[PDB]
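S.K.: Single-letter residue listing:
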Amino acid sequence: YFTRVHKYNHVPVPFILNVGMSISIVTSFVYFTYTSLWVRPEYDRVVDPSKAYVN
Amino acid sequence: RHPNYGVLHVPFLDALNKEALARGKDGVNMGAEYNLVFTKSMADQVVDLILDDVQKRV
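Respectively, the protein sequence lines represent chains C and E. Quick note on this note's numbering: the first sequence kicks off at -2 and runs consecutively. Quick note on this note's numbering: the second sequence kicks off at 382 and runs consecutively.
Please keep in mind that the hints were generated in silico from the structure rather than gathered at the bench. Some hints here could point you the wrong way.
As the list claims (entries may be wrong) - The calculated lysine to any residue pairs, modelled on SDA-like cross-linking and capped at a C-alpha distance of 25 Å, are:
hint	chain 1	residue 1	chain 2	residue 2
1	C	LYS48	E	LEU397
2	C	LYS48	E	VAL435
3	E	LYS421	E	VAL435
4	E	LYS406	C	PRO46
5	C	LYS48	E	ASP395
6	E	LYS399	E	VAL409
7	E	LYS421	E	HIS390
8	C	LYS48	E	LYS437
9	C	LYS4	C	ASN15
10	E	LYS406	E	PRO392
11	E	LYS421	E	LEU394
12	E	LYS399	C	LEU14
13	E	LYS399	C	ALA49
14	C	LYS48	E	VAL427
15	E	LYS437	E	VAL427
16	E	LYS406	E	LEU394
17	C	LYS48	E	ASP407
18	E	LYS399	C	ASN15
19	E	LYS406	E	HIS390
20	E	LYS399	E	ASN385
21	C	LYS4	C	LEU14
22	C	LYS48	E	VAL391
23	C	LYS48	E	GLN426
Unchecked claim - Computed, partial: chain C to chain E, Cβ under 7 Å:
hint	residue
24	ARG1
25	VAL2
26	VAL43
27	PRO46
28	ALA49
Note that beta-carbon positions come from the ideal geometry of N, C-alpha and C, so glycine has one too.
Given these sequences and hints, build the entire structure.
M.R.: Below you can see the structure in the form of structure tokens.
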């Protein structure tokens, strides 16, 4: 017998656990991709051509 | 070619253009060529010879 074929041993995920895991993973990915690639304020530039100095 | 951070740098010739226009002189040409003929050395030599003659026969 091939006892690990698709038709055998399917365990559905409870809806509550499915929702909780989905929310957790989506939140984590969104938060990380945001705070890493979007909230990057050290890349600051100032546009002021009058701050040049030539003797 | 990403512009630098901190304080955005101003090209030196732009700064000189602004400076020269502030003092009333003409701005940077950006297209003027060199004086290949009749160089600074030739001009200085001509000045030298006339200065020598005028000083000699003061």
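S.K.: Each hint needs a verdict: does it hold in this structure or not?
M.R.: Hint by hint, here is what the structure shows:
no., hint, result
1, C/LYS48 / E/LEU397, "13 Å, holds"
2, C/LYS48 / E/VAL435, "50 Å, violated"
3, E/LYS421 / E/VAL435, "21 Å, holds"
4, E/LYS406 / C/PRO46, "20 Å, holds"
5, C/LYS48 / E/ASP395, "13 Å, holds"
6, E/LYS399 / E/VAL409, "9 Å, holds"
7, E/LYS421 / E/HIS390, "34 Å, violated"
8, C/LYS48 / E/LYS437, "53 Å, violated"
9, C/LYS4 / C/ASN15, "22 Å, holds"
10, E/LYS406 / E/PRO392, "19 Å, holds"
11, E/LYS421 / E/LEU394, "23 Å, holds"
12, E/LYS399 / C/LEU14, "67 Å, violated"
13, E/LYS399 / C/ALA49, "11 Å, holds"
14, C/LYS48 / E/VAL427, "44 Å, violated"
15, E/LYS437 / E/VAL427, "15 Å, holds"
16, E/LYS406 / E/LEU394, "14 Å, holds"
17, C/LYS48 / E/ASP407, "22 Å, holds"
18, E/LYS399 / C/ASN15, "66 Å, violated"
19, E/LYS406 / E/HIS390, "24 Å, holds"
20, E/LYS399 / E/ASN385, "21 Å, holds"
21, C/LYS4 / C/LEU14, "23 Å, holds"
22, C/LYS48 / E/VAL391, "9 Å, holds"
23, C/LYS48 / E/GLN426, "43 Å, violated"
24, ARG1, "54 Å, violated"
25, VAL2, "56 Å, violated"
26, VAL43, "5 Å, holds"
27, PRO46, "5 Å, holds"
28, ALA49, "4 Å, holds"
Violated hints, in rising order: 2, 7, 8, 12, 14, 18, 23, 24 and 25; the structure is consistent with all others.
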